[PDB]
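A protein chain is absent from this complex, but the other protein chains hold their places.
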């Protein structure tokens, strides 16, 4: 329909890297620009268009079920096709990601009203705490 | 007018790349920092200052009417000057960008509740889909 009025949120960006390569875009900006998602608001009027694009960092999404190994390609970091399996050790979520790096995984649990997530790769561990809001 | 209380939004950024170059800033981070705009909140009180800065992704605005050729500076891509002309090809909004690049343009249409935008340069095509939320 000729009507494009409304606010539109990006759902998929396909071959944005290849499109930028055809535009003689250097490697530096391309790697960050792909990480981005945009939301378009399009005021229209017969033939007159006003299009406002706002850019934000993309949305990293991991969708899984406990106990089943699923193939997840981490497009938000190093795009590796790790086969991730998450298990319950009590009520704490421990995940092991089969890949090139050893002892690679993460742990997610809750303490009252704060969420603790520890990402582990080798001997290094990053501890993040989240507040519900 | 020593009083600096308020929230200030960045209006112009001059020679920020040169300033960063004197600070030994890497090339990739510099390219992102220019793409950014900042808003500074400055709680004050005689000599005491409390300063909060938020950096966000500038906003790309393209305003056109069908059938008129407008000058477009694609700042959020390859900073090139293209002469763009948009026409109606059925219910698909087709734009041709006459410039240094040959088959450069895009096609925009609506199919129910998703907005489809296909960006083309030469033989490469970027496929984006947007959902109205």
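As written, the chains take the letters A and B, and residue 1 is the first residue of each chain.
Everything that follows uses one rule, which is that a contact is a pair of C-beta atoms (placed from the backbone, for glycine too) under 8 Å apart; a residue touches a chain by one contact, two chains touch by 3 or more.
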Suppose we count only contacts with the excluded chain; which residues of chain B make the list? 1-4, 6-16, 18-26, 28-29, 32, 36, 39-40, 42, 47-56
Can you list where chain A touches the absent chain? 28, 31-32, 35, 56-67, 76-78, 86, 88, 91, 101, 108, 110, 114-115, 117, 119, 121-133
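Definition applied: only the chains that are shown with their structure count from here on.
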Could you tell me the distance, in whole angstrom, between the mean C-alpha positions of chain A and chain B? 22
